[PDB]
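J.: Spelled out from the first residue to the last, the chains are:
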Amino acid sequence: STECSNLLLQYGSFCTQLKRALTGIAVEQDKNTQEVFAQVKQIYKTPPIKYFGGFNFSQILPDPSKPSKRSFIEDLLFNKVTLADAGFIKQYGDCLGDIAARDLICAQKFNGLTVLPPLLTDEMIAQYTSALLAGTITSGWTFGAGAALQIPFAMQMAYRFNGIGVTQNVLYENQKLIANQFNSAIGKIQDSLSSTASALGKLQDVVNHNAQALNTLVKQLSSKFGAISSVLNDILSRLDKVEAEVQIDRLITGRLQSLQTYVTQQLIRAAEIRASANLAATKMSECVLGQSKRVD
Amino acid sequence: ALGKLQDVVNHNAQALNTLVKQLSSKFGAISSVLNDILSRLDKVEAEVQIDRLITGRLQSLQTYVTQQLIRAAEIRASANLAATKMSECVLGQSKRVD
Amino acid sequence: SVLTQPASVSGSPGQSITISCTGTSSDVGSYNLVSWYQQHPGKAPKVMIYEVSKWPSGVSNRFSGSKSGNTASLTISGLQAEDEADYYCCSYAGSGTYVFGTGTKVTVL
Amino acid sequence: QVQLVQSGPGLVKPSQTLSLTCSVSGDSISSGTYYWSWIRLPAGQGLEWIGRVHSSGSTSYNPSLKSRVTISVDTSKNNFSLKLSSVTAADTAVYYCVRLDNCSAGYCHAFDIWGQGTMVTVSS
Amino acid sequence: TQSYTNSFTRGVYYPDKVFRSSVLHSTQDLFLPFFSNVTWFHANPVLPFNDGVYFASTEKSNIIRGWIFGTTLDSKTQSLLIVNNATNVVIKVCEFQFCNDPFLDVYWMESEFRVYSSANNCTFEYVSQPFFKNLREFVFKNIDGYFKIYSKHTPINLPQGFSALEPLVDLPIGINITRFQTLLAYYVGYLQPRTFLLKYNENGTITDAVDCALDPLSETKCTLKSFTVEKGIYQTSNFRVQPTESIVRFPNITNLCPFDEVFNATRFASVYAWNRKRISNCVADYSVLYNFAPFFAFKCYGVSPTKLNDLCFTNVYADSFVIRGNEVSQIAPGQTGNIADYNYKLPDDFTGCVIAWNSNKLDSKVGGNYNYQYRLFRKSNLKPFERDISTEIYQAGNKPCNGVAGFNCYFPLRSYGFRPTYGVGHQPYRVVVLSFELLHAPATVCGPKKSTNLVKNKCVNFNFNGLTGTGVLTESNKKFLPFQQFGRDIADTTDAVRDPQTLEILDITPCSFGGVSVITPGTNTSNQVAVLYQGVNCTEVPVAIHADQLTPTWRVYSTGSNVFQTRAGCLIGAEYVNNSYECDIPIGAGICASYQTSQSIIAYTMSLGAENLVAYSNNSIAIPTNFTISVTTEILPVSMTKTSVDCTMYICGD
Amino acid sequence: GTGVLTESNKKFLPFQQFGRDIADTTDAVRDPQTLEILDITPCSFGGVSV
Ligand SMILES: *[C@@H]1O[C@H](CO)[C@@H](O)[C@H](O)[C@H]1NC(C)=O
Ligand SMILES: *[C@@H]1O[C@H](CO)[C@@H](O)[C@H](O)[C@H]1NC(C)=O
Ligand SMILES: *[C@@H]1O[C@H](CO)[C@@H](O)[C@H](O)[C@H]1NC(C)=O
Ligand SMILES: *[C@@H]1O[C@H](CO)[C@@H](O)[C@H](O)[C@H]1NC(C)=O
Ligand SMILES: *[C@@H]1O[C@H](CO)[C@@H](O)[C@H](O)[C@H]1NC(C)=O
Ligand SMILES: *[C@@H]1O[C@H](CO)[C@@H](O)[C@H](O)[C@H]1NC(C)=O
Ligand SMILES: *[C@@H]1O[C@H](CO)[C@@H](O)[C@H](O)[C@H]1NC(C)=O
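Residue numbers (my numbering), protein chains in the order written: chain A, 1 to 296; chain B, 1 to 98; chain C, 1 to 109; chain D, 1 to 124; chain E, 1 to 654; chain F, 1 to 50.
No lab work stands behind these hints, which were simulated from the structure alone.
Check the hints yourself; a few may be wrong.
Pairs of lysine-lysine, DSS-like flavour, derived with a Cα cap of 27 Å [claimed, not checked]: (1) E:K231 x B:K4; (2) E:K199 x B:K4; (3) E:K231 x A:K19; (4) E:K199 x B:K21.
Pulled from the structure, derived: some chain E residues nowhere near chain A, Cβ distances all over 12 Å [what the hints assert, rightly or not]: (5) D29; (6) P305; (7) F483; (8) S594.
Note that the Cβ used here is the ideal one computed from N, Cα and C, for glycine as well.
Chain A with its partners taken away, still in its complex shape:
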């Protein structure tokens, strides 16, 4: 509606500030992912022979068969979280006919709310994690400090045992038992991820909060905010210029307030997500790229 647009021009730069804030959040998401996962100077790869002192890394190493090159556990995790909107292409046909009515995404799009895709694809993130894993299991903590220096995995475990105050002959004399305990623990992780249905609660909560915020924004368009109608077309077809302008101003003020509330909550949730991402990057540096002495 051009009448509404001309009236909205009189409220200054509120829309541009909202757009700038949302753009800042969107850029920060890619920055978060890059800081967590791009902590490697090279894409490390293991040799084709996959014996590491009897430790079985098969369920966390990449599966070359699948298109995504994800690991088995990464596949379980990926199927465990259901995204509401990935940000990929939506064509005419998905939002035409009887299919739009049964989809909230089409209504969101039709009211100006869209999802942008992440800069890093899932395949690229899986490549980063596989490089980190290959570096860790082939070179220990050396690749975090410089060039990756290969070391036999049992000897690396002897180093780690020394790191916690246990003599390395304890590792060497119990090598089969330690490998078996690790293999059983990994198998338990895999079984728990396969069986239990709500393991990834925090990620699902992030997805659900975003979807709920967008749905609330969409539903706010049916509020009258004191006007005769929540539909601009009804106001414009039922009233003359001046009274229609009054009603449209009421609708504009209400919808502007709803947008401002959405953007403010997005900024606060983005700050929380950024703190979580900084923690994840610190944990990648200190737990994956090294052995940590910090308790818990």
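Position chains B, C, D, E and F with the ligands against the provided structure of chain A, taking the given hints into account.
T.: This is chains B, C, D, E and F with the ligands only, laid out in the frame that chain A set:
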């Protein structure tokens, strides 16, 4: 080289400039200038227009202060990190990787 | 589905004949979108009535259309040997689909 | 003067596919004003609507025949094509390509301009 | 000799009289678009005026000596004439009978003949000072009954520099101008409504401008409010497909509504026994109601009188009665009083109109008109549109009345005493209340609006029974029940509608739209850009040969330029290469762009780094034999600017 | 308005009657009788802390 500090400065300057530019918005009033409203209209209608201007400018101030609070929280987190780095990297030798 | 149409009807010159076309309540009784088509032998069908009772440009007014309930009707007044063809009824059935009638053979004595 | 001309094969054995094609002269199918439909007339039975296509590529098919039917359109050659598979003695009929007015050009839901018709026969 | 050439960046003028210095100001006005196609006349038919005219001339001989403006250019209509004398300039708005090829002859006296045969019924006069090579530029605008002339003179070696045109004169002449002609090689261009970003230098002069709608880079500059752009990707305005046609679909109703018999009734009802008439299955022209009764104006709630002809209603109700003037305010939603409580109650959610007019000449008598009555006493208040015509004795006290009046037993109805000598507040007023029922059931009362054809599969404006909108209409497979006339979605917007004539169900879909991003290296590097249409397929990318069927007015040739389809949308103007580089400008979904060597913008899948096969084995170890002392920099923000706001000074000044 | 009026060195063109600033407030004006250009400056103000 000093992109982050320049970004902090630029964000503050942009927020203040946006606040200043919001004073030229009418917010549905006949004019964005209080003096024009007061010199062109009688007491009651001028009060109506002034109420519109007051509501718009109050909203702009509230938006500025809310964004300032959020940016201040981010700056405080950065300062806490800097103080931890001063304690652990300058006043000692750290074993924490990276 | 199909629209029930009489197999054949007959009449004498100068008299009007009524051809019926009965459907369900979702095709004929649901819209004002009934069409009538005439098929002379060795030719393609020609539209004679659209929107129940409207005439395409260049169609004689003697072909009248009507609808009652779930039934449509085509009335031919001043019957002549020219009106010796096969008459089909068509109805919009919803969701962009159409249902045609079985067809009536009009014979002139 | 709008003309519709069919050129499909008229001899198809059972368990095969038709390849009917209808070209249009005097009008641009790319204008999107009309729909373009295929209608079959079996011997003894009445007319039957198979389906329709639109310039944007949207189609609407007869629910009974939807499984084994496909209607396509080429705006470059100004034609639309019908492919009916699982050919059987029920499929021998006179096939017309017809312009359908969907209220966009005056007449509402009327099949106004008809093709000449091609006799498709089914036999071993 | 009509040739065609390029306007470059000529024709910018000062939009207003306000001084501005060292600023960038955005103005929407009638400007000559940058790099527009202007016509070079080396010369004579009369040229059109359009919205405004830009006129340039590099002549030195001063052969060009004025202009003529008008519509008919004869004595039938007034026409503006401007003549630049060798000592002055004279402007007139007389009714000239202009010649077919007017020109000023010199023989030194300069004859005003050979231009017009006569100048009759003059209505304006004005005299002022007269207006390498010397280029002379003028802009003529005819707006607000005012002829504005801007001008400038520039020494040249149409140049490619910048030169703003100062306001030369403004004339308060309210005449029609659609054609114009020169008086004796000149350039003529036409103005369009455009948004410009003008740069005022320190001295107050406009030294540069950006035409926002010229191309994607200019739109980026206008969005950033800057003349230079850093490398990056910027979300500019969104593309929208504009409607081609407007369609109106109303029910086929032929009868005319009988409002005249409502208004032109010999006797009106009493307010306690108010008359109600049903209006249905007719065409209602509400503009003719003014001719039936001498009322001053409508009083409408939920609707405007001038809009009533564009709407359709399921039913209309006309209630007629008579009250006195000081009770007219009681005929309104949410009112209290004798009439509102005991005689006639309007609902709180009333949508309709009230028409009350003085009827002293018809409803007053010298002895007093006692035919009109009102209920004075009732046990409870009436419900809306409830009629009480009872005459039971009212029992005010606890003592019963037994159907006989007396003390505390009042007859509930009291008569008005309308007399011609009463004041207007006590004089009779005839009242007609029109109640409208909107939406729900199919409409039976409609305005005098002609129904068009029902156009599908195109972006159109539509009006279904008063329900207006814009979108694409298609056949719908929604299973509407027979009583259902439209369907709504989550946002309470109509997404399906039943056609009032064919009774078919139509899906309503918004016209094609989407966000637009401009990818640029710095303007300090190149002016080339790429354009990302976000979340659209390259086949559905908007290509619009017409300038009124799409909002972004600039056109980047989709098929012509490089086209690539990323999961972030369709990228136009960047060439996709199979090499992998470090990300430079993020596009999304693993795709980045950069300005690289001929230099152009290339898109590519971003690289995560070089592969490194670690030479792991059962008994191999790598041990460093040397070391490097590394010094690296980490930069951390600690504080930000401390700000204070004087709230009262900001909001209210002094 | 309210303020302090001083001689202005802004180069007003003859058709210009007043000047505006970022906040769309008049900061210069041409005197209707003498036709001179005057700068308008806000009266002295400032915050106070105890
Ligand atoms: C590693 O674990 C997988 C899954 O538990 C198993 O199928 C595989 O045989 C194991 N590898 C070895 C060498 O035992
Ligand atoms: C000029 O006359 C035309 C009719 O020839 C009319 O449409 C137009 O509005 C008029 N313009 C002015 C400014 O009077
Ligand atoms: C303003 O005018 C002065 C001369 O009075 C001149 O020196 C200066 O360059 C001008 N400003 C600009 C931006 O050119
Ligand atoms: C673009 O449209 C074509 C044809 O409709 C389709 O085959 C293709 O998949 C679409 N693009 C994408 C990225 O899906
Ligand atoms: C990249 O490779 C594809 C084959 O997968 C080829 O079609 C394309 O032309 C190549 N692009 C360039 C820039 O060579
Ligand atoms: C490494 O040791 C394992 C276990 O004994 C053996 O299977 C493998 O072949 C060895 N690799 C080489 C290269 O000798
Ligand atoms: C170690 O490196 C330094 C500088 O790179 C070099 O000068 C020195 O010779 C090296 N020492 C050995 C033993 O290689």
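J.: Hint by hint, note whether the structure agrees.
T.: Here is how each hint holds up against the structure:
1. E:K231 x B:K4: With a Cα-Cα distance of about 18 Å, the restraint between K231 of chain E and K4 of chain B holds, given a limit of 27 Å.
2. E:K199 x B:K4: It is violated: about 30 Å lies between the C-alpha atoms, which goes past 27 Å.
3. E:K231 x A:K19: holds (19 Å)
4. E:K199 x B:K21: This hinted pair holds, its Cα atoms lying about 17 Å apart.
5. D29: The assertion about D29 of chain E holds, with a minimum of 15 Å to chain A.
6. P305: It is violated; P305 of chain E is separated from chain A by about 8 Å at its closest Cβ, not greater than 12 Å.
7. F483: holds (19 Å)
8. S594: The assertion about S594 of chain E holds, with a minimum of 14 Å to chain A.
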